[PDB]
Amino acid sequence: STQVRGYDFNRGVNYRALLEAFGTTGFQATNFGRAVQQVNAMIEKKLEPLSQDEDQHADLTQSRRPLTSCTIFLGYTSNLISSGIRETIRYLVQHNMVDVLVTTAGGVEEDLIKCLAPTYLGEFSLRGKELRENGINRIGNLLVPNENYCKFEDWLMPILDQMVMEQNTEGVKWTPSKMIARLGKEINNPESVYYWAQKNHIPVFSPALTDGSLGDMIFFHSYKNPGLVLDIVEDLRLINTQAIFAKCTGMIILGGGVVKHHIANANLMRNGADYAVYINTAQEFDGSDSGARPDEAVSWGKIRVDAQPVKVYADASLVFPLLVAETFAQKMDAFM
C-alpha cells in the first residue's frame, strides 16, 4: 500500500524528483506516473532482443523497417500538429522511437505547411466574423493565416500532377500511407514529422485523408487532371499486418476519434495490445468511443486482459512533453 505524499519544495526545485512525485500525488498526477511506467515498459520491451522464434514470426511482413520486440503505434489528432506537440512527435519519429503513426488529414497537412509558414498564438475568444474578414483561421487559441494554404497549394499541385502521371503511366496504386510517404520525401525538411517518417520507414495511416486542405487541393486538381484514386482497402491490410505480426505492441493515443479507434481496431486483430496509454479530455458518459475508458477496449479484445492500461485525463499539450521527458528522452542513446 502506497501513501499519498506530494513533492516537498523545501528540498528546492529538483525537477526529476518533482516529476517522480506525481505518482504519489493522486488523481491525474498518479495516472501520469502510471503512464510513465507503461511507456517505460514499452521501451524496455522494445529494446529486448528478439529470440530466434520471435524473429521468425515477426519477419513475416513485407515491411522495410527492422523488427523490434515491441511495435509502438502513436496516434494523434490534428490540433496537436498545429500545437508545439508537433516538435515532440517529430523527435520520436526522427529517432525511430515509434513504429506506426495514425493521424487525421489535418495532422498530415499542418506538419507540411509549418515548413512553409508558421502558426501563431492567439486566444479562444477571438470572434470569427472579424477573423474571417481578415482571412485568419482559428484553431483553439492558435491562428493560421489563409495565405498558409495558398503556399500549400503552390507547393502541392505539381506533386499531384506527378502522382497522377505515375498512376497512369507507371501503374502506381496510391493509398493514403503511400501519399504521405511521398509528401514527406518531397517536403525534404528535418523539421517535418513526415519527412522523418518516410526516411525511417515508419508508415502513416490516415484513412480519411481527403478531410482537409489536402482534400481541398485534390478536389480542385481533379478538374484539370482527373482520375486520381486513393484506395483505403490496401492501407487497412497494411496497418492490420503491423499488429498481427508484432511480437508485442504498445498504443500511445493522443485524443479521440478515428486515430484512437483505428489503432485499437488493428490491435484487436492480434487479440489486444500489451501496453496502452491514452491522453485525452473526452468523457465516457455520452457513449462515444473517444471518451471510453481503456476498460471498454478490454471487453472488445483491443487491449489484452492482462494489460495494465492507463488513461490520463488532460490536454496533451501539457502532459505529452512531460511524458516523453520521463521516458523516451531518457533512453535516447539506445535509439541511436
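Only residues modelled in both forms are compared. Positions refer to the first chain, counted from 1. For clarity, a rigid core is taken as the largest C-alpha set superposing within 1.5 Å between two forms. What changes on going to the form deposited in another entry:
Of the residues listed here (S288, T61, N271, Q308), only one shifts its CA by 2 angstroms or more between the two forms after fitting on the rigid core, and it is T61.
Core-superposed comparison between the two forms: the CA of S51 exceeds or equals a 2 Å shift.
Once the two forms are aligned on their core, only one segment of at least three consecutive shared residues with Cα displacements of 2 Å or more between the two forms appears, at 51-62.
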The other form holds:
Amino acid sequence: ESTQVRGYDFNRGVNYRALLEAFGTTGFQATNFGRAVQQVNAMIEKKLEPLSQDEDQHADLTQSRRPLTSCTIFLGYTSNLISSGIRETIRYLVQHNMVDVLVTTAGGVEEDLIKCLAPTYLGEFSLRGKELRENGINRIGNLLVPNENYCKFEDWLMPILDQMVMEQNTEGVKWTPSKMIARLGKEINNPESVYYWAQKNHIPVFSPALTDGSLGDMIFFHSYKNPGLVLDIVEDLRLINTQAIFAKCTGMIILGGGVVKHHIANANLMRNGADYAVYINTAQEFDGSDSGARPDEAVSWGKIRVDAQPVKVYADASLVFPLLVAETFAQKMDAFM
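For comparison with the form deposited in one PDB entry, would you give the structure of this protein in the form deposited in another entry?
Single chain only below; no partners, no other molecules.
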C-alpha cells in the first residue's frame, strides 16, 4: 500500500488537469492539496446521493426553508478573501447552490456589497500608511480601497437601515445577523454579489460579530439618526446549530481562522463531529491559537469525527482555493443543474 513520489513531467507538454493531478504525488503541501481535492469530492458525491426524508418536519425543526440533502456543507471564509478575487469564486459556489451554510466575518459581508458599488485595486504590502491615509486610501494586505467606497456604501445602506427599524417596530421583525445579511443581499440586487445569490438560494449566512466593521460603523451612525435597531445573536445560534444537528452528513470547508473556523466547528460538535473537513490557512499551531490548530485538535473535542480523514492545506487560499474548486465543484457542474 505505498505510493511513490513523482512530479509532473513537462516533457509531456502542458496539460493543466494532469499537472494538478500530479500534485498528489509531489509531496509536502502539494500532496495535502491532492488530499483536499479528494475530501471535497467525497463531500460532493455524498451530497448528490438521494435521500427520502420528511420535508415538513425538517423545516420545522430547523426553521429553515432549505431542503435537506445527503451532505450539509459549511463554507467559512475570512474577510480578506472577499476583498480578494476569491469573492468570485465563493459567489460561483453560492450561485449554483453548491454549499448549504456560509460563515464569515463582518468585512466578509460588507466588502462583497461595496464591490457592487466600486472596485478594490491592486497595490503592495509595503505601501506606507501615512502616505495612504493622506490620500484617503485604505490598505488590505496588497489591496487598496479608496475612502469613497465607504461613502457610496453609506448612501446605499442608510435607507435600508431605516426600513429595518420600521419593520422591527411595527411588523414585529426580530433582526439577527443572518436575517440582515439576507436582506442586504436582496437589496443589492446584483448577480456579482455572494449575498444576493445566498438569499435567492436560501443559503443562510452566519456572522455573530457582524458589527465589527463598516456595517457596524454605519449601524452606529444610523442609530443616532434613527434609534432602536437591535441585532440578536441568540436566535442565529439556534439556526446554525440545528443545521448541524439535523444533517445526514456534514462537511466543513474552512478558509482562514478566527471565529469563522471556530463557529463552524463548534456547530458540528452538536452532532459529535463533521464527516469531512478541509482547512486552508497559513496559521501555525505553536502559539496554541484556535486559528492554527490542526484538524486533529478538533477531533479531541468531537468537532470532527474520529473516523473522518480531514485535511489541512498550509497555504494562502487566494492561490489554492480556485485550483481546488476547479478540480471539484466545477467538475460536477453537470449535476448541480
